[PDB]
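Next up: just one chain, as structure tokens, the form deposited without ligand 3GQ.
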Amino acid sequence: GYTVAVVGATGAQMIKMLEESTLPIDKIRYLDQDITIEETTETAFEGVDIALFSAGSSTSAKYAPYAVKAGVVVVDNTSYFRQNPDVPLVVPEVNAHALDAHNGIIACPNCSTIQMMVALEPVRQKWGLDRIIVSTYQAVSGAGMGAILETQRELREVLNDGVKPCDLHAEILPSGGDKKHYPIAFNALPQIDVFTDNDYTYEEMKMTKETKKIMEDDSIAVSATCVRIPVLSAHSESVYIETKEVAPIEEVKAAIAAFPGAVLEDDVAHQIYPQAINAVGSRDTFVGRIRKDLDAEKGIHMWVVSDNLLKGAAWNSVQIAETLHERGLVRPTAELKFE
């Protein structure tokens, strides 16, 4: 069996998914049994078969190249390697084949991107994909624990202490790497991550760039609006697509229902649609509100929801590791392509 290391174990969801994995694990190392935390160093990866990184991009950039040198296969959570052409950017249900050519690092994609890809791939493979327009409804746990705690503090201030939302002091949201901070309580902030020079944020541009790489098609037009709302866990997305050929809605529903990792929750006669609160704790991606555009013959709207820490992060990383194992790809890399 494998020696699996979790870098950034202090991270919790990574551990839980690994406890329930079908991966054959002889030894766990953190860098119902107590495990000592070892320091992350350049020589700490000897004998490790698989390393799941769940620290920041700084930890991945420095140490992931040394893991590959030592013979490890790295699954990186961060954004640092996602647009490196020597690194596969993988959602196992969509593009597992891209794992075959790996050079020791497989990047886990952005959370909002992953769930959209699970929903849209079954549609793409039957009727094609020309464009995507998405507006997201993203939970604060995407911005980390500090954001979660801030959201709860703000809500308690409003509800128990009578503070008006606009008078709340904030220190993290919308972004811990930007100059100004605004309340999320009873609000919708149309900013995730910081702005780029084309007036889309990095989150929005990640949905564009990562979609193109995952589906291996630069011709798919993608434009996104990414919005933070007062939800702790689970991202929701209003997704619009135009297919290459007309996809009957009955057949779209059937295709999504059969697709691994996706659950059709779509029965409007009984008010059944995906909901954030229902998706928490589950590995699945829930899809519904599926219907034709009222004017464009090839347009389709839908509503997509998933736990942003599971399929959106920790589960996708562990599932990649399971797929690596299934495909015979857990082994040392010959040529080192990272400094």
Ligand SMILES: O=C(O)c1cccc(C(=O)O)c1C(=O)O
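We call the rigid core whatever largest set of C-alpha positions still superposes within 1.5 Å between the two forms. Residue numbers count along the first chain shown, from 1. What changes on going to the form solved in complex with ligand 3GQ:
- Compared between these two forms on the core, the listed residues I300, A276, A313, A44 keep their C-alpha shifts below 2 Å, save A44.
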Second form
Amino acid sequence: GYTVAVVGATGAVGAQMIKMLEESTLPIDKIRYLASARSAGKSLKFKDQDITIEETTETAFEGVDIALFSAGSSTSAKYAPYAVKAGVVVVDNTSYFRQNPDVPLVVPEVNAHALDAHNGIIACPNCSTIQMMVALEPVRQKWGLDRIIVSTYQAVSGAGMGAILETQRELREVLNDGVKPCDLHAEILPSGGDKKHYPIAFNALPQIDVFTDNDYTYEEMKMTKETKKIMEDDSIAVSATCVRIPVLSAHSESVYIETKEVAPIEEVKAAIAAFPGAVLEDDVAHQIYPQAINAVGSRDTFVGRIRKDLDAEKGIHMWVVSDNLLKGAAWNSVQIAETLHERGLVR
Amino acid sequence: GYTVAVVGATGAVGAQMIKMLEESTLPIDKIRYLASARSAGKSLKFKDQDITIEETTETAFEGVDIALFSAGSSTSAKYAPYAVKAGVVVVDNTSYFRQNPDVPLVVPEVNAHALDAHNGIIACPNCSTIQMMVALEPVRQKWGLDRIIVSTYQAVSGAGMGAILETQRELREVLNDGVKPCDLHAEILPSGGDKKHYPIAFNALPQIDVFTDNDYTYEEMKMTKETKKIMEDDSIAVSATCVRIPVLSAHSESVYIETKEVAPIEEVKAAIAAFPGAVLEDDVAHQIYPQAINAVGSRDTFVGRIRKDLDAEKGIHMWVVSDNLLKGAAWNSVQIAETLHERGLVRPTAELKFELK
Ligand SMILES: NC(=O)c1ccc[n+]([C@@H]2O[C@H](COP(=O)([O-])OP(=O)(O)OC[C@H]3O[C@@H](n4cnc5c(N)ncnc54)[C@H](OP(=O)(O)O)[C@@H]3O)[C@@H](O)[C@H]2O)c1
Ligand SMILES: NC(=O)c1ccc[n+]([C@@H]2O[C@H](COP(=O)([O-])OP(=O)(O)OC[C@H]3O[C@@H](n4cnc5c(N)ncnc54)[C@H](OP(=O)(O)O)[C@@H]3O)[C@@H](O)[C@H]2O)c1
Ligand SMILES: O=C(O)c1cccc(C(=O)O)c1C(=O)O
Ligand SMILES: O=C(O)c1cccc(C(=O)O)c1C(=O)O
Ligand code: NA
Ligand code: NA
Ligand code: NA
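Coords for the form solved in complex with ligand 3GQ, given the form deposited without ligand 3GQ:
The next block holds the full complex; its first chain is the one shown before.
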């Protein structure tokens, strides 16, 4: 079997990477947990075994077959090249390598073939992108995609363990102490890397990541650019609004598309139901639609509220929900690793 | 001055109608508070005065000049026509009369002229529609509107006191008692009138109101139909997704439009800033944008994240936030009443045009 390293083992995604690896079909002979110097020497479980956390260094990857990076774009930029030079296959959860033309950007149900071209690094897309691609690829295949407009409803776990804890504390202050939401102290959200921090409790923050020069955020632009690369079609117009809401896990998305050919709604529903990784949950007569609280803990992407636009012949609206730490991150990464093993690409 | 009645004085909107009337420019000689028989006989304040709550009945409107209704569409259907018959001018904050061609459907900054033709009932639009109209009217005036696609992020107060209390209870059960959100018991949300109820705590529910036969909800279709009427243009294409989130008050909206002519994006910002009732809050270099928690308690509607679509020449995206109990309900209604007073329109109607139930 393989020696597998999890870089960022101690964080929100890393905890789920451990769970997904424990549950994986990858033959794992040895597991290593890497994080920063401040976590080094502590212990975490792999199944019933205690694993000592190691500091991530330029020389830490000797003997490793597969390294799953989920420690921030900075850590991947710094250490992933050293891992690759040591002969490790890197699956990177971060944004750093995603737009590199020599790096496959993969959702296995959509573009697993792109893995065949890897040169030691495979990038996992952003969580919001991944779930949208699972919902939309079956439609693209049959009727084409001309454009996408999406508004997201993103859970705080996407911003890390600290953001989860900040959200819980803020909510308790309002509910238990009677603090007005606008009076709350915040330190992390909307973006740890930006200058000002705002409460998320009882709020909706229209900022994920930092702003780019075109006044879309980096998160919005990641959805645009990653979609084009994954679907291998720069002609698909994509514009996004990405919003943080007071949900701990599971992202929801209000997705509008226009197809190239008119796609009958009942056929769209069937095509989505038929697509691996997508689950149709759509029966409005019984108030059945995807819900964040029900999606948590599942690797599936759930799609419903599917309906024609009221005016645009080729327009369709839908609602897409998935656990942002599973299909949006740790499960997509472990699924990549399993696909590399299955296809003889761990080399 | 006037005798003013508030129908539904004891609920979420009614509390704000009281506040907005206490702060209004209406000359008020006498206030009456109406609600159900359960509440009748109890007392609520107007300023320092104790007001005895009355039962809403066909005979409760004698001597009333203006009545603000916010007690459910059924209550308005049943009693507003009797108030009109008694000589009252009704400002109705329910959906019931909104699509009646004899009823102006008004946001005062947008279409106050429609008040001139009233027949005793003036309808306040749905909260989601109102804030979107305040943001979009200045754009429409200059560059036109071809279509709107909107996804909403709606606060629980929109669904009433019970929904607020349910939300608070659920969050406490999760955060203090360790209940998993999927194990929570709900009784009200997403829709009190529908068959199944789901938790809102740590959730996003893509259902507001019941479903219609075209698979859009009544809320989504209200946005569509009300927009066309308020803007007096059935050619404006509007499709909506309306979603409840765990916010107590203030609705937010991700709004996409295509204009008829290209609208320079900085001029769009300027036009919105210049429009009464809309406040431009848009400086992304300093992370300035509208936020629900900051909008609560303000009558203004806040607009930012204003930016061009990446591909559609005439496409524009923005983020619109307003307090759904103030501009979305009680303030729009009181503002309508003030506008009626100012324009000499508080007068009994000559002919009854509304069905008596
Ligand atoms: N696909 C996606 O959309 C997606 C979603 C979420 C996250 N991610 C990626 O995963 C990263 C972590 O996310 P998270 O939610 O798990 O964050 P988190 O809960 O804050 O955890 C951060 C992790 O990174 C480690 N780390 C920080 N600085 C490090 C350094 N200099 N060297 C080695 N390790 C370091 C931390 O270890 P210590 O405990 O030792 O500090 C911790 O394990 C993100 O920054 C992002 O790039 C991707
Ligand atoms: N424009 C908008 O978007 C908007 C927004 C929110 C609400 N509204 C309208 O306002 C209504 C109330 O909303 P809310 O949030 O204030 O709800 P709420 O907190 O549940 O309050 C309901 C109010 O309606 C009264 N009521 C119920 N049954 C009645 C009856 N048979 N006769 C007279 N009054 C009765 C209640 O009186 P008791 O206390 O005596 O039961 C209470 O005053 C909604 O149903 C809707 O039609 C409009
Ligand atoms: O670097 C980060 O701190 C980060 C945090 C959350 C999500 C992402 C991402 O692009 O998926 C990223 C990222 O890799 O840019
Ligand atoms: O009657 C309701 O149950 C209701 C509840 C919340 C908002 C509205 C509304 O459209 O103003 C309505 C409504 O009047 O339709
Ligand atoms: Na296209
Ligand atoms: Na203004
Ligand atoms: Na006058």
